[PDB]
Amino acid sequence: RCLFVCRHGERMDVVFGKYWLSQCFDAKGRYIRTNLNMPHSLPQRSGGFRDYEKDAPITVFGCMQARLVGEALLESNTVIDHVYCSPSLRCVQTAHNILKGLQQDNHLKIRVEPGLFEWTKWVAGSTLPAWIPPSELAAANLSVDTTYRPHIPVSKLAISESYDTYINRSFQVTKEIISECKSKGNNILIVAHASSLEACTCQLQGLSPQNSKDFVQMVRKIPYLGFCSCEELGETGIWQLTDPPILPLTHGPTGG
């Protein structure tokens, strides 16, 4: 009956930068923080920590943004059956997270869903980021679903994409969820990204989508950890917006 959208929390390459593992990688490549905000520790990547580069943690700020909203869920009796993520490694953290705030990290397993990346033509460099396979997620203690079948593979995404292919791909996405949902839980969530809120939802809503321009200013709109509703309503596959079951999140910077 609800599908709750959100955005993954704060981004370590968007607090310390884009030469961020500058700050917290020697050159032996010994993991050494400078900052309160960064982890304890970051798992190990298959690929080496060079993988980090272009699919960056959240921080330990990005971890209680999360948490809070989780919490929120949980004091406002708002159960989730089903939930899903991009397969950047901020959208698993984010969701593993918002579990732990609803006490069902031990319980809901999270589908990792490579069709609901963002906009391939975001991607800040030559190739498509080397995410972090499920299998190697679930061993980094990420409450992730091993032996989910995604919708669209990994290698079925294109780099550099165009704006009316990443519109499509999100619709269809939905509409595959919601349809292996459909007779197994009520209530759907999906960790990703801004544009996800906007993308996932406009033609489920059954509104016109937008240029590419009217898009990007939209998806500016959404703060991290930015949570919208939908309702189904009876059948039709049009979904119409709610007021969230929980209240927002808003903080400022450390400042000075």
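Numbering follows the first chain given and starts at 1. Each form is matched to the other, and the largest set of C-alpha atoms that superpose within 1.5 Å is called the rigid core. Compared with the form deposited in another entry:
- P248: CA moves less than 2 Å between these two forms after rigid-core fitting.
- When the rigid core is held fixed, the Cα atom of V14 travels less than 2 angstroms between these two forms.
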Given for the second form:
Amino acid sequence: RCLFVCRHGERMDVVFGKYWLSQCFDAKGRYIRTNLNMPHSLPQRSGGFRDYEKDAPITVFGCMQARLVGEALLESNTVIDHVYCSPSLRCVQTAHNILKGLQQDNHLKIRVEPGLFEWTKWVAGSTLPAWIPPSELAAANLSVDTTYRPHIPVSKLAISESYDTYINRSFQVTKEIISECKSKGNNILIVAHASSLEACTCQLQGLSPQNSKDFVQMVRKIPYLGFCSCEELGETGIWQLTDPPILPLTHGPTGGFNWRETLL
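Now that the form deposited in one PDB entry has been shown, please provide the structure of the form deposited in another entry.
Next up is only this chain, free of partner chains and other molecules.
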């Protein structure tokens, strides 16, 4: 058995910065694109476009990173039996695009699991992001399973959770995911956050978690689509990180360019 865990694809807010909404939305709250790295459309949200502030979408390059990983999985003859993701839109969109690369977007249905959301300390303010519910994600042509019953529903998450609580819930939900998939297909894919690669696998392997300082230092080193594999040996039943069946993916930036500022 393998549990694959990866980070979401490039997120719009990092590329376009503090006022990114002004580069993506007009005075009427309607989506506009101002750069070729912006998609042709974005879903409508209950609270309007400002719901994107705490829950940004992926970019065109994020979609491509995701598709390339799915294509690499297909090329390696790695069959994915179940796919789970964090409720963050960037995670759902990444999972969908991995499925497209895998040629499984019209077959597998993504299980949206709020227990996979990252440490809530990293959310701005006093409330969680207003996640798009699975019904609406499905309506937005993201291949989500609207019948999936999550292990940790949204209202079981606390905005004030400790590091200990985050790591422990990551372990809990990952065990529950493994248990409900056991003997129903040997490979499980989690599409989530930088912090998920270790949070979901540390205690699974019998290991002691790092302190939160060392943890955060590590989290900052996980790139978009950063991918790991935790395999269950079967001679012992012990889970261990092992080489993924796909190669890493590394690329550089294409920085902002204002031809007027530079060529005049």
